[PDB]
Amino acid sequence: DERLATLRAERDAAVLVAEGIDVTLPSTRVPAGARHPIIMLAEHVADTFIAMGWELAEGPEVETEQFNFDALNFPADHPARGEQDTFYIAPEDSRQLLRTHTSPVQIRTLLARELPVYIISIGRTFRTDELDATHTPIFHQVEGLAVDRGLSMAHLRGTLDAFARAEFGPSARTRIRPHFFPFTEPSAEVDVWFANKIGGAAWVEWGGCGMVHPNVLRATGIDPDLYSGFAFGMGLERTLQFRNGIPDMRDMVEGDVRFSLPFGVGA
Amino acid sequence: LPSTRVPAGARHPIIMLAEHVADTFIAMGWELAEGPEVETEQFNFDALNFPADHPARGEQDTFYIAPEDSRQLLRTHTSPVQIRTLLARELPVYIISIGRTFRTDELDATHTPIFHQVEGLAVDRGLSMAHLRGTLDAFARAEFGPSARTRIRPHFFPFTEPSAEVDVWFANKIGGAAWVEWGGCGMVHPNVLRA
Amino acid sequence: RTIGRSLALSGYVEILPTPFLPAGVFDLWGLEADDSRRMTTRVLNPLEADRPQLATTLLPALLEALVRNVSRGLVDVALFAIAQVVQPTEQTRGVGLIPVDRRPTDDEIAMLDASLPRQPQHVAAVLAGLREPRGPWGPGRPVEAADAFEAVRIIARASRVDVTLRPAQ
Amino acid sequence: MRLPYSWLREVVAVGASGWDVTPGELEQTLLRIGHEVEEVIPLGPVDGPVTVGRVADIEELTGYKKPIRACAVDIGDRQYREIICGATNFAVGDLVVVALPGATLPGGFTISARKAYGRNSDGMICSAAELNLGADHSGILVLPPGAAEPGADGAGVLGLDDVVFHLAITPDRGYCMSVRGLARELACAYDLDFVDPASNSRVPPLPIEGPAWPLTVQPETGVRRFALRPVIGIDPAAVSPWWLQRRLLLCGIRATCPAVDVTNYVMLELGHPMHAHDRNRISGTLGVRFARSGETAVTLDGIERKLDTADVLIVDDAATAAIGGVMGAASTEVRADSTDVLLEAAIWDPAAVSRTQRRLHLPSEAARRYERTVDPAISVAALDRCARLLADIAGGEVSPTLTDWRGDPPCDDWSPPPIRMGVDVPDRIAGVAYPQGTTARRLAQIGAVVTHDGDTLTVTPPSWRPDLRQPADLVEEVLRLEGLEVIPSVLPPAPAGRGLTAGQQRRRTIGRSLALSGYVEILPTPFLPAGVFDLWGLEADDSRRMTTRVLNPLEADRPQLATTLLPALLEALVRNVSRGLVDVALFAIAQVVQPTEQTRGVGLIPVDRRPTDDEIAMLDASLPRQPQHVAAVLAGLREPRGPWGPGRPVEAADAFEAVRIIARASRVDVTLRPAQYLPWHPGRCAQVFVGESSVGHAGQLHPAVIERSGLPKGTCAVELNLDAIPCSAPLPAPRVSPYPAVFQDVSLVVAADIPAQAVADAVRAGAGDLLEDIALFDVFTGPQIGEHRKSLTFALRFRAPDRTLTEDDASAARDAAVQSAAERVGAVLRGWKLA
Ligand SMILES: O=C(Nc1cccnc1)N1CCC(Cc2cccc(Oc3ccc(C(F)(F)F)cn3)c2)CC1
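Chains as they are written, first to last, in the entry's author numbering: chain A, 75 to 341; chain A', 99 to 293; chain B, 508 to 676; chain B', 1 to 835. A prime marks a further copy of an entry chain.
Just so you know, these hints were derived from the structure itself, not from any lab.
Be careful, since some hints might not be right.
Here are a few chain A' residues that sit away from chain A, every Cβ distance over 12 Å (derived from the structure) [as the list claims (entries may be wrong)]: (1) 99; (2) 154; (3) 155; (4) 198; (5) 255; (6) 278.
Taking beta-carbon pairs under 10 Å as the criterion, some of the chain A residues facing chain A' (in silico) [what the hints assert, rightly or not]: (7) 104; (8) 121; (9) 124; (10) 125; (11) 126; (12) 127; (13) 129; (14) 254.
Here a beta-carbon is modelled for each residue, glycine too, at the ideal position from N, C-alpha and C.
Based on the provided sequences and hints, a complete structural model is requested.
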């Protein structure tokens, strides 16, 4: 009985190889989908600020002129309030429009909540740009507003640097140069030092920032002698374009599954 | 007609509770830390101001790694993670550690030898019991609703001084709101900071 | 977030939907003249003269992305979108300038809000071609209505609610 | 710890006469200053005729299972009642407590004159438990002679309007294990003047004239004080008065004889354990010393104890007199005939007592107090208090001799070192601005000496508070007496944190993705099943058998910690299947334990500094590797039955798809390669790779493993090492050409052993960038292509980046793909077509 079992065993071992399969055959009968890369960028931006104690606010894309322009210290005859740059709701002089930034959300939030306020608003915004490689009439913005006692430009720079590190890596930082916006004073443009890549690190313009203008605080019932605030905004499509090196914005907006699927599921 | 040919699954309710706890503290600026479940006695007991002959260091309450006197064990809390984090990182530190912990309790309706804990540690200049209570109340509101709050009564743990037990006012339900004991807290003991 | 994750894991690809409706879409759909979806907010200065109406429904944008994928040879497609729509309840009514040297009152805020179209959040999806692809397991399975019902169930599980489905025209 | 309110009240009332509070308020005050009240027990009410009686006759009823007594009982005014009773711990002449017809006992028991055991019984003789007076023990309650006359009212004699508080004292407050300590705490909480019951006005010192007994002490035993005093000529027949027996009973101690009763009583009153030796049973000098290896002692319960060389003993010339601080020995124990007593008031080393009693499982009333440090300043006060009480009760004489060893050299000052603290430190720690004088006032109340020097306090705690060593200890005293409820709730500003790590996010994404695909997560036990790797048939040298072992597992046969998550998952699978849920997919994400050497401990690093970087690395290196794994098991139907068809059983391909789900969730590419690796089926097992690194295995389990383990047929499994899957943060920039595509199918014949993916790779390498997509449609075998060959049909999609591909440019790319397959895997073209 030495060898009843040795080749009773190697019988059963060949039964096992006879039922072998090719383990490399495709197995995916439910192909993966994909959340949109702009939505996923927005999600990462939101988490970056949630993790610093901020909250997210939302508002309507069809907005009053009051909150889109007047509460934001735009003069009555500012060119932005025209049809050349802004989509207006018919008929003429209806004081209703597609919002040109997400700032009306921060106005609404300042009216609704108690101070201090640290609010991110991410959402869809609209401009009369033709669709081409670097423009789209429908785009997505992130804007932040922090209003508290004793906030300074230094806190603005700290928040901007934290933000930059989260989206571009531990070597990123920002620099600011003086500029002008109606709703900030002082105002600046933000460049980000994009080290990780680009084909050779360089400064890239990222967006705008400044100290919220006292007229904006007054129009929300906030005393600018007690409270100060900083603000900033960046475009998500523009950030994705220069960070990932995506040469044609049409790909971000046209809905071809081949653009989305390489970004993964986003779960 | 039924349409579901790929039935939904489920993440575990304890994991999902842990996830919600973690998000609650991430949203206040804290971070999460992890560590090994088989731990040194140094970090599980000695760094936490347990006397050498404290009964917790015995086989009656703690799983030890064979052989005897190996100074190796299944951790009895997640505190060794905060010790490791205090050694590794610069101050200030605001750290949550959620993870699996082990006790020699028989499995029954209200005990399990394998359980999961959340512990938090905040170390900074000028932190007080008032900040402890504020963080505990925020935590309670997130897990039990806007009407929840906590109360503290004096107690004792080797690693805190003063020490307290935490009750949570569980309004939303229970069959009639009442105080429920939730856990322990206190000011981290100076010997823990020294070590 | 949970709805998007759940639809993406189940094979749907998210698009960003344009709010400018296609020209004549509701005549293509054969909707009645008094269908509420025809009551659209209109943009005064659209980039395309024949597309000035803002979307009351997300399906037109999704079908337009679907046609684009299909015309490029990607015929087995499942798309979804999560976005607000614009549903006016009256003719365009503006609210006059409130002085900016003070904050608006609660009544002024409610009046500004009441003057805007309703703008609820919608989720929508479209499917065409093969739901299950062809492979060594067999010929695959074409999209059927039951796949749209299952998308409802995916969204309901993601929302932690129970739904029922009822025949409708 | 149990004590009656009346006693506690009496001690508080000396310094604050009239003090009296309801049980509810007392409970609340004790909770707020830190004492856990486990139970408040009002001595259960009685109503009606529950009175003292005197047993005047006992007749033994025979013929029943138990011994039964018919007793004539004198109930007052020369009235005698026949009462049936089953107890035996009483004799003619004893005072007892009778509940007579018409009485109601706690718990709603009405007494009636029933007929029992053949006779008529006018009520019952009561136990202490039936009166809700004290612990339920065998037999009825016998009051000591002269306690009351027959007919006296039971409730009043027994003191049934008292309330017993059952507390759970924390180990940092040993001083609270006595009426002395709790009364002092109450005095602090209520701002009362306090008269210490251990002080000299309350315990006037006895004479000190010569040694009471010859004593040697080896001081490295940690004894701090050892005092002796004799009482001679006590009457061995005397019993403790009722007031004393009662207080002992309410604190959970049964009275036995005055010499023992008095030591228990004074222990409860002052917190200093006491012991009574029969002096005539002591032979020669009393020695305090460590036990020797193998030494034995018989404690006064008659049990023989195996001692340890760290156990401290009291011995004489002949035998052991005590296990010091734990339990007295039989050899010097007070007995029924003991007439001359040597009283022992000793202070033992807390840690020494703690180790010894836990080893012997002797958590005595003395040991539990010594463990928590007994106040060394009151040993002679407690000794003197105890000698007077014994002489008074049992009619002896207190000898004026006293031995009082106080260390080598003698110690005459017992308070801890002075502690030094800024006057406003409690205010800062509490976040509360207390009124001026608050911390200094509270620290005096607890008994410390407090001096002011500018803004710095110098605080010398009392000798009964060895826990007060650092400023934090003093903060706790101030904060708990003020009340924690005054501390406000103030959210701190936490810093700008960085959120979840990449690893943490990945483990969330993997769980979400597996759950959406139908898997149910379990929490896996790390204790391996008994013999699991023999069930699996693993080789003796398989690394998975090298397990870390637990010394004290809850199940003796499951001491090994899991090197693999599959055993826990299969155990949950069997459980689901045995309950009728046979179509199941489970997953787990958890660490495993994989030792690299034999258990090696690292010696204690001093805790007065931080460990060095090298010490930290050494601690880490001593631990087993503990990587994170993800694993899953599947059995039964993968797709359920329904109107669409019969459903689809789990197959190995479902385990491969789980690998792909995890890889997509991780944003990495995997390849799968045939492998032979138990417990998988050798023909249906893939090893998983990311790049050239192995990250685990997947496929169908081995049918022999399935059968030996009682698993469902066809069970499949996956286990991946998450630690081996590199982090990845891709930044995609996909090219999306809008030009039309060209569709072609190609069928290639290859040896059966060639993996389909190798053919697809070769086709891809030859076709170049024009190839946008390749998918395997058909695997066909048959005699006309050769017995050991197979035909693979691939769907190819070609697209140019800048132009419409001609159908001839497409065919050029197809030709190159066919040629590459020919050169790499020996493929032969069977045919192609436009799709
Ligand atoms: O996105 C962009 N341009 C674009 C154009 C086309 C396509 N893509 C992108 N830029 C260019 C313009 C710029 C404007 C700006 C400047 C400074 C702070 C900002 O943020 C605010 C402003 C106000 C407030 C409030 F508090 F007052 F309400 C709060 N935050 C916003 C944002 C980035």
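Quick rundown of the hints versus the structure:
1. No Cβ of chain A comes within 12 Å of the Cβ of residue 99 of chain A'; the nearest lies about 20 Å off, and the non-interface call holds.
2. Look at residue 154 of chain A': its CB is around 35 Å from the nearest CB on chain A, clear of 12 Å, so calling it non-interface holds up.
3. At roughly 38 Å, the least C-beta separation between residue 155 of chain A' and chain A is larger than 12 Å, which holds for a residue marked as non-interface.
4. Listed as a non-interface residue, residue 198 of chain A' keeps its Cβ farther than 12 Å from every Cβ of chain A; the least gap is roughly 24 Å.
5. Against the 12 Å criterion, residue 255 of chain A' stays outside the reach of chain A, whose nearest CB is about 29 Å from its own CB.
6. With a minimum CB-CB distance of about 28 Å to chain A, residue 278 of chain A' clears the 12 Å threshold, and the non-interface call stands.
7. Given hint, residue 104 of chain A at the interface with chain A', holds; its Cβ is 7 Å from that chain's nearest Cβ, closer than 10 Å.
8. Interface hint status for residue 121 of chain A: upheld, as the beta-carbon distance to the closest one in chain A' is roughly 8 Å, under 10 Å.
9. For residue 124 of chain A, the suggested interface contact is upheld, since its CB lies about 5 Å from the closest CB of chain A', less than 10 Å.
10. For residue 125 of chain A, the interface hint holds, since its Cβ comes within 10 Å of a Cβ in chain A'; the closest pair sits about 5 Å apart.
11. Below 10 Å, beta-carbon pairs count as interface contacts, and residue 126 of chain A has one with chain A' at about 6 Å; its hint therefore holds.
12. Interface hint status for residue 127 of chain A: upheld, as the beta-carbon distance to the closest one in chain A' is roughly 5 Å, under 10 Å.
13. About 8 Å separates the beta-carbon of residue 129 of chain A from the nearest beta-carbon of chain A', less than 10 Å, and the hint is met.
14. A distance limit of 10 Å between C-beta atoms decides the matter here; for residue 254 of chain A the minimum to chain A' is near 33 Å, and the interface restraint is violated.
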